[PDB]
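As you look at this complex, bear in mind that one protein chain is not there, while each of the others sits in place.
So that you can tell them apart, the chains are marked A, B, C, D and E in the order they are listed, and the count of residues begins at 1 in each.
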Amino acid sequence: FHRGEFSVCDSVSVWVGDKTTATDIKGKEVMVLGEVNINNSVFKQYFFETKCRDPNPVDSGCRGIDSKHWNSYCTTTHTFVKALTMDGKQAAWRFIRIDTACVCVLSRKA
Amino acid sequence: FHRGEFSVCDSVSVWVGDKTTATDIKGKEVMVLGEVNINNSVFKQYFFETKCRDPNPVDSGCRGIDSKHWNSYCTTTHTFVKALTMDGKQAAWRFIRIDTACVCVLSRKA
Amino acid sequence: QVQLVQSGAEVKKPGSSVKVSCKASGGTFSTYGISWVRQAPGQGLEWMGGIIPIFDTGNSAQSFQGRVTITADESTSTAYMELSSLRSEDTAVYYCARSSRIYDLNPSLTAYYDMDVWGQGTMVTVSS
Amino acid sequence: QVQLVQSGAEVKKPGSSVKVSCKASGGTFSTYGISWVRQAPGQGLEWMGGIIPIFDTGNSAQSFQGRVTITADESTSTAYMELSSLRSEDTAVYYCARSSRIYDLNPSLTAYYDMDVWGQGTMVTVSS
Amino acid sequence: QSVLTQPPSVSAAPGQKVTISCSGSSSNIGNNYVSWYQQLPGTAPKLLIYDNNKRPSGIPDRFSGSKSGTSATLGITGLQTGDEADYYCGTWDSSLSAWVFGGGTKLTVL
Partner (left out) sequence: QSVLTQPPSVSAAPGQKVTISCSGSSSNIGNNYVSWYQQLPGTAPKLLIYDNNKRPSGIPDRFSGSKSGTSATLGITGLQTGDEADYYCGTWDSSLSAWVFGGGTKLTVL
């Protein structure tokens, strides 16, 4: 099969254009600029963010998990994308941490 | 718990700087430019790609799945990032499809 | 601020096809996932389908037997709903809605969205 | 064909701290995930830890009790391994390795990688 | 006939807590998220609750939402004349691959 009914964890994708602050590749909190100019034309800084809808879609944790043997929950993974960030007075072009998916994490039961 | 042993699907993150062709936001195959200049300073176009290590990490499908009730496999999700492209003529700063995570998809058993 | 402006109310004959418009007044039309829900006078809500203009990926209800043809144009910022072969039972108030949240966006899953902001509505009457 | 150049072989006294270098000849140092594996003369391989220079996120083996301090500098493109409070048993050939593939990069998982390309090695001898 | 089972009419006194029930199966509520809609006479529906408990901006703290298995409930505290409207159910059905709505509940205030 290819087309599934649902994933183990439910995702929520939102196009974000109102970004003001973000955590950089290292961990430093950087100021995000709303616009980016590509020599001749200007573009509004848009970011595709996908996060977890709920940490426990099922009482046991993730959907379709062997509950009697596994401790599970839904966590949000990250991606690193270049963004026009303002550092004090000068504009920089460096990677920033962004929510990109909702995955399930396992742990053995006692 | 927070820190898990392993996810339901195994991921593999690779920093890609050798991108020549990519699928755009609609589906059109576009030519990706190797460098991007900020009017004076130049930057090599780097993309953070995360894909599936294997579709079936476990014989049944994904790890820690209720095999007797669910049909499962690991699929690669996508993200959309702005990249300096060229549709044969000139510069185009438009969104492109990129591998970003490895998730598990479920299906009910007969 | 962002409001969904629909087409004017129409009265059509059985067997015809009505095309209802849904323009997003303001901006960021491609961001949302335009939905379509109909409501017969003094009856419940019936989901028809939807489309994401940025991906041009659509979804329709199986109950309609492929009569609904949901289309979208980013340039004009308008989403259209065409219901071919009109029946007396199709006499309803046709609403269009938007959602900034797109659930289950996966190549192996059918992507869906809620109905956050609703349109004013378009009354379609089928005279018999 | 990028290669990993290590620091020269050293002879140290017990209790001291040895810092081994790992310079990447070529480029794309931040792309890789620099690993550290030691090997005692005529013995098996022992994993120590690793660091990703682009994220500055490190991981070390619990068996070492926090003696290993893996550091990295992107500007010099060199990775460092500092083993504090040296013992006679620590007498081994210290290797550094690279990997472009980063597995389990999740905030809820301990990120890891393989040893695709290995360094020449650095013989650290502990006197007694 | 509607997929989601809702009571036809509900009556309550002003300034009192009132509940509206919702019924379904594993195909919808059991493996998804419930959303509530407020439809005033001669007005378009309005999003009241989303993701079982969450409420959007503008909606007061007076409106509550809770989900338990294949059933969901809406809670209206501190009742007023303005609340007099038709309340609908809404969730995604994985098997039908369509959004399913409830029958509708007529809220009447004296």
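Please note the rule applied: a residue touches a chain if its C-beta (ideal position, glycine included) is under 8 Å from a C-beta of that chain, and two chains touch if they have at least 3 such contacts.
Considering the whole complex, the residue from D:102, D:115 or D:126 that touches the absent chain is D:115.
Contact with the chain not shown here comes from a single listed residue; of D:59, D:69, D:77 or D:84, that residue is D:59. Seen from subunit B, the chain kept out of the figure touches residues 5-6, 10, 53-54, 57-58, 63. One chain of the complex is left out; on subunit D, the residues touching it are 35, 37, 44-47, 59, 61-63, 95, 103, 110, 112, 114-121.
The working rule: only the chains that are shown with their structure count from here on.
For the pair subunit C and subunit D, the CA-based superposition corresponds to a rotation of 175 degrees in steps of 5.
Here the spacing of subunit A and subunit E, counted between their Cα centres, is 30 Å.
With each centre defined as the average position of its C-alpha atoms, the distance from subunit A to subunit C rounds to 30 Å.
Under the contact definition stated at the top, the residues of subunit C that touch 2 or more other chains are 54, 103, 105-106, 108-110. Looking at subunit A, residues 4-7, 10-11, 50, 53, 63, 75, 77, 103, 105 sit in touch with two or more other chains.
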